[PDB]
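Listed below, chain by chain, are the residues.
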Amino acid sequence: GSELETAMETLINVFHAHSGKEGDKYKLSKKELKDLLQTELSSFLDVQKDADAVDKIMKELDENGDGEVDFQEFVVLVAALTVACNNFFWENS
Amino acid sequence: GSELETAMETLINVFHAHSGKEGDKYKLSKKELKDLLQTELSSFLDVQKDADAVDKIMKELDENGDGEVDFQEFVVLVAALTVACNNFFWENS
Amino acid sequence: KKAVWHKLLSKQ
Amino acid sequence: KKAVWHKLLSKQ
Ligand SMILES: [Ca+2]
Ligand SMILES: [Ca+2]
Ligand SMILES: [Ca+2]
Ligand SMILES: [Ca+2]
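If you're matching them up, the sequences are chains A, B, C and D in order.
By our numbering, the letter at position 13 of the first sequence is numbered 38, and the numbering carries on one by one without gaps.
By our numbering, the letter at position 73 of the second sequence is numbered 98, and the numbering carries on one by one without gaps.
By our numbering, the letter at position 8 of the third sequence is numbered 17, and the numbering carries on one by one without gaps.
By our numbering, the letter at position 6 of the fourth sequence is numbered 15, and the numbering carries on one by one without gaps.
Check the hints yourself; a few may be wrong.
[Unchecked claim] Heads up, incomplete: computed chain A residues facing chain C, CB under 8 Å, no partners named:
#1 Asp77
#2 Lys81
#3 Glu85
No lab work stands behind these hints: they were computed from the structure.
For every residue, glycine included, the Cβ atom is placed at its ideal position computed from N, Cα and C.
Based on the provided sequences and hints, a complete structural model is requested.
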């Protein structure tokens with residue numbers, strides 16, 4: 026299929042587009058990170074309604090002590106909750 | 026944007042489609058893993074021309090000692106080389 | 010990482 | 010992981 030070819034195109038075009046809305050051309054900040062997820066990955070990744078999730082994940086996801094998140098750190102932890110949460114589905118209701 | 030919404034759709038539809046071509050409905054094997062990457066992520070992820078890369082990565086990527094790779098293990102290591110290799114680009118020539 | 014991972018999924 | 014990572018990128 027040609028699905029994966031488009032997958033990479035979607036991830037990076039949106040990554041650098043909003044990541045440089047007010048911060049740096051290609052570096053994320055706590056404020057850029059939470060807006061990018063509430064934008065298209067709604068109900069999948071949470072950050073606005075769960076405040077504990079934002080400070081605990083973002084501050085520790087910058088495991089290097091960078092109040093800014095790199096693209097590599099964002100894809101690993103955010104993609105983990107992406108497929109993991111989907112598996113539980115409503116079946117966990 | 027609606028790019029990320031499609032991104033997840035592309036990754037999973039192709040993940041489970043070829044992953045169950047000859048192995049199990051949703052588990053990867055060394056043979057399913059190398060065919061899935063040479064299929065659409067050509068020139069991005071390598072496995073066929075680089076034999077050392079297949080046995081060393083696949084056997085150690087199954088860090089749990091499972092000659093089969095789970096979806097979570099495949100997205101983390103394969104996506105690393107995906108954005109990493111792109112950054113070097115031809116500029117490393 | 011794994012220890013805190015339980016908190017997010019458990020607390021969610 | 011990081012130690013072997015250099016081998017793949019170095020050997021590539
Ligand atoms: Ca920025
Ligand atoms: Ca960082
Ligand atoms: Ca299978
Ligand atoms: Ca495995």
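Status of the hints after comparison with the structure:
Proximity of A:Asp77 to chain C holds as hinted, the smallest CB-CB distance being about 6 Å (cut-off 8 Å). The beta carbon of A:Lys81 comes within 7 Å of a beta carbon in chain C, closer than 8 Å, and the hint placing it at the interface holds. At a threshold of 8 Å, the smallest CB-CB gap from A:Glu85 to chain C is about 6 Å, leaving the interface hint in force.
Against the hints set out earlier in the document, no violation occurs for any number.
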